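Visitor: Chain by chain, the residues run as shown.
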Amino acid sequence: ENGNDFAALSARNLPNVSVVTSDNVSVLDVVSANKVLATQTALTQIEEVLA
Amino acid sequence: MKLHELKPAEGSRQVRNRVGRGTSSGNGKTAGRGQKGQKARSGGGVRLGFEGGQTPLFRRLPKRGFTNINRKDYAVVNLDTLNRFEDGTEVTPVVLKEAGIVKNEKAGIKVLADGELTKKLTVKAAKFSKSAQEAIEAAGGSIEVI
Amino acid sequence: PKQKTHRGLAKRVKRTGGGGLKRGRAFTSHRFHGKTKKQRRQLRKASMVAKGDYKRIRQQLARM
RNA sequence: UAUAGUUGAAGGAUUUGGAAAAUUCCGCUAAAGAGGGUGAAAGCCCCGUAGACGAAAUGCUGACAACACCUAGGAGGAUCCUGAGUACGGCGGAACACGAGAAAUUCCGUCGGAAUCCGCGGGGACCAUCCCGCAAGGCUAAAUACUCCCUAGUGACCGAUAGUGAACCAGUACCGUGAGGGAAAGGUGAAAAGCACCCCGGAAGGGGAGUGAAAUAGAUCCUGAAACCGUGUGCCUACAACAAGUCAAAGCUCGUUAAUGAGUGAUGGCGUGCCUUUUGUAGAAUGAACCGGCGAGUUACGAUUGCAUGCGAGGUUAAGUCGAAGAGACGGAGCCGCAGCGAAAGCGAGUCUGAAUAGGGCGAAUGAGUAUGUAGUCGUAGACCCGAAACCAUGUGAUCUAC
RNA sequence: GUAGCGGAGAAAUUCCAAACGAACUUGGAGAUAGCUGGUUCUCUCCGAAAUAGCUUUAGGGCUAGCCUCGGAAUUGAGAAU
RNA sequence: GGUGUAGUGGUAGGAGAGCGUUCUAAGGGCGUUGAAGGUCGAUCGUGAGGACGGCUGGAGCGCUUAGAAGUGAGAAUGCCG
RNA sequence: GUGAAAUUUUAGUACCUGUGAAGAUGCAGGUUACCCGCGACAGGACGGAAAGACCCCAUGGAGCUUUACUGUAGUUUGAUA
Numbered sequence: 157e158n159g160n161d162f163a164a165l166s167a168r169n170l171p172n173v174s175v176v177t178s179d180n181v182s183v184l185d186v187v188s189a190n191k192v193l194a195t196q197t198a199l200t201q202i203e204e205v206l207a
Numbered sequence: 001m002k003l004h005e006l007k008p009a010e011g012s013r014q015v016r017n018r019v020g021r022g023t024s025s026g027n028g029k030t031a032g033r034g035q036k037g038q039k040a041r042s043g044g045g046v047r048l049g050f051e052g053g054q055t056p057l058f059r060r061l062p063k064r065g066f067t068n069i070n071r072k073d074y075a076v077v078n079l080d081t082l083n084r085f086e087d088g089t090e091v092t093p094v095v096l097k098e099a100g101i102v103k104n105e106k107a108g109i110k111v112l113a114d115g116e117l118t119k120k121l122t123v124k125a126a127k128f129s130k131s132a133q134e135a136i137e138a139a140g141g142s143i144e145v146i
Numbered sequence: 002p003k004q005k006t007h008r009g010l011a012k013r014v015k016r017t018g019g020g021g022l023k024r025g026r027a028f029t030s031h032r033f034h035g036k037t038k039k040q041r042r043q044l045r046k047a048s049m050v051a052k053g054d055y056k057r058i059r060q061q062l063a064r065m
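Residue numbers (UniProt numbering), protein chains in the order written: chain A, 157 to 207; chain B, 1 to 146; chain C, 2 to 65.
Simulated from the structure, these hints should not be mistaken for laboratory data. One thing to keep in mind: the hints can contain errors.
To give a feel for the contact side, a few chain C residues facing chain B, derived at Cβ under 10 Å [as the list claims (entries may be wrong)]:
1) 13
2) 14
3) 15
4) 17
5) 34
6) 35
7) 39
8) 40
9) 41
10) 43
11) 50
12) 54
13) 57
14) 58
Just so it is clear, CB atoms sit at the ideal spot from N, CA and C, and this is done for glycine as well.
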């Protein structure tokens, strides 16, 4: 979502994992991954900007 | 779509033609230029419109007219476009804009009668042709040059 | 850079509604005692540009 | 804050090797899986990295203090002030996109030469009226241009004929009186363990013996192609006129990615290289000694057509702001299309010519566009590559030769 | 001592560093050349011209004619007897 | 897919469809039990071209799909060796 | 004993009469001829060396002439400071 900084730190450095915030998703980020793990808050925030 | 199986749409990308790469391709050895002459040289050719030495066509013809410095051009809208408003609306240059019908109203709007209205408008604009005003007033509305 | 239009052609020609080019006529400034009244009556009407001339002229008038 | 630094998590056995970081088992660590080194390819071996900490001294940038400077209203309209050889004009030149033009505006040389608020200049010759300003005195941050140099990095940029002229002691050797011109030349091995001792030989060089995983890795040292020069052999050849092969074929010699096998070949038929330029070439027309490397339609910005995708009587944003040199939203100034005709005034599904409502010209009558990608052609740029004789502008030469 | 838009010449277009009807070097500069040379892989389908007119034009160019690719259109418009 | 009928010389030149080189991304692989490169063979495809095996060699390299190009050499009285 | 050069498409490189871009070692029909060298001569290889200096062209240059065009340094004559 947002200043969820402890989670982004914990998820760095894992060689299968990429981390993006909900105001900064590109087309190339979603196509390259096999799955998306999004939180409930971030999902509504994406629905707010793609409208 | 996966990044290891991309495919453009058919007919959308073409390859390229490379001249001077052997005889069997079709364009080796002079690369489509024929034999000798001014057109076979690098940077060869004559300027656009040149004709050898015959008098070029622009130079046998006479000049004509002048530009007026106070010229007025308007931004016509005919009569069908006034059918996308409700019966009774007072159409105007700001309601025409903000529907995008007219952007860039050059020297003001001018209404033209081509060809059929059925509404109850009250049109405000800068000019009216004789039949535009007429058909506007038959259908039952009013005009005002302003 | 941008393409430049031929300024001598633009002073002599205009573009009609279906894409053509209206033009004036030659032999219309000078010795009219050498030509017949029917000639000078019929050299007063405008005409258009031919296809050989247009093919070679098209790019110089692209913008006006 | 710049200029030194400090600390910084987590692995052992097994197989193949000279040597593991590789393979197979079983573990651990991460706010650190960026990168470099180590006898081959390492998150966990070394240097680092993420994170936390630090400056005696000198230099920079803020903030707040002092000290220095600068800055007031209302009324009156008797009189005084407000940039002079100046503005401006004739003559000659130039600058304005504007080539004297109908030539306003701004400069330079030369001559002539104002007015003072009842004034003076401008609105593209000139005049009248209205409107906007107040020359002939001085200074001023930022938003814009550039990189010899220092720090930290980046690249669908080069990899020793490339990339700087220069990866190496290069503006060097070398060439010229001089100004000036100007190169060639990287690689043993993990570690020098770089061959003790013996034999032939003046030496060079070589043969053993040793080092080493390997010396046919021995310093002309990784790999080691072709031209070119040799040694050994299976088959042919001393009565034969040969662009040198191709088709037919006995004898001899072999035995393969195993199939209608491979090498050589006496003898017989047929047969005037390759490239360029030409009406036309074996040409006694043109080029090439041979082998290897290098060596020629590209990009930027515009214009047009075909194909493709998204929207559709509509389509689309530019500069710029935040953002990782990115995507990823704001931004509607502007551009194209949706209506034409006419030199223009103008009129408008019609309009111009015309006395004409006549005729005719060009238009309408459902009649599709716009942004972006891609390819074909064209324009401006050296514009597919190489090649003159010449022209101009700075400089260096009378150590040769002429007076 | 005299230097290249120049010098010097008992005069020859003679000399000015083995080259002088106008020295040498660097720059404008990748000067210009309607001329000459060269231009690098493959297969499938089609397939010309060497003519007319105008040209300070004649070994260059332009428009038409003759080749190739994509579309549209009523036909029974093309050819041979 | 069957079957018929018709066609398939070609310079300038137009149109179509492919082979090979280097680099980027994503995926799935190989390698000291020996990669690239070099050399030999009597192998495969309609062409450019593709494999497999021996010997040499000592550390990197293929394949698929898409992208980008300093992308192919026998000739210039070419340039260097 | 030492040790170059210009040249060079590859060469197992005869003669006569013809043919042919119209004068052939190489093409046709004949005639002649065992293999490999050394010392000598210059008939041929349109022999080698020098992208004809002769001739014409490039809407190429450069030096020179003049009552060819357009300018100008210098000299002179008037007005004005």
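Visitor: Now tell me, hint by hint, if it's right for this structure.
Guide: Hint by hint, here is what the structure shows:
The criterion of a C-beta within 10 Å of any C-beta in chain B is met by residue 13(C), whose closest approach is roughly 5 Å, and the hint holds. With a least beta-carbon distance of about 8 Å to chain B, the hint placing residue 14(C) at the interface is held under the 10 Å criterion. At a threshold of 10 Å, the smallest CB-CB gap from residue 15(C) to chain B is about 8 Å, leaving the interface hint in force. For residue 17(C), the shortest C-beta to C-beta distance to chain B is roughly 14 Å, which exceeds 10 Å, and the interface hint is violated.
For the restraint placing residue 34(C) at the interface with chain B, the shortest Cβ-Cβ distance is roughly 20 Å, beyond the 10 Å limit, so the hint is violated. With its C-beta approaching chain B no nearer than about 17 Å, residue 35(C) sits outside the 10 Å limit, and its interface hint is violated. Because the beta carbon of residue 39(C) sits about 21 Å from the nearest beta carbon in chain B, more than 10 Å, this interface hint is broken. A distance limit of 10 Å between C-beta atoms decides the matter here; for residue 40(C) the minimum to chain B is near 16 Å, and the interface restraint is violated.
For residue 41(C), the interface hint is violated, the least distance from its beta-carbon to any beta-carbon of chain B being 14 Å, above 10 Å. Given hint, residue 43(C) at the interface with chain B, is violated; its Cβ is 16 Å from that chain's nearest Cβ, farther than 10 Å. Interface hint at residue 50(C): satisfied, since its Cβ lies 8 Å from the closest Cβ of chain B, which is below the 10 Å cut-off. Taken as an interface hint, residue 54(C) checks out: its beta carbon lies about 5 Å from the nearest beta carbon of chain B, inside 10 Å.
Proximity of residue 57(C) to chain B holds as hinted, the smallest CB-CB distance being about 6 Å (cut-off 10 Å). About 6 Å separates the beta-carbon of residue 58(C) from the nearest beta-carbon of chain B, less than 10 Å, and the hint is met.
Violation of the numbered hints given earlier is confined to hints 4, 5, 6, 7, 8, 9, 10; the remaining hints are satisfied by the structure.
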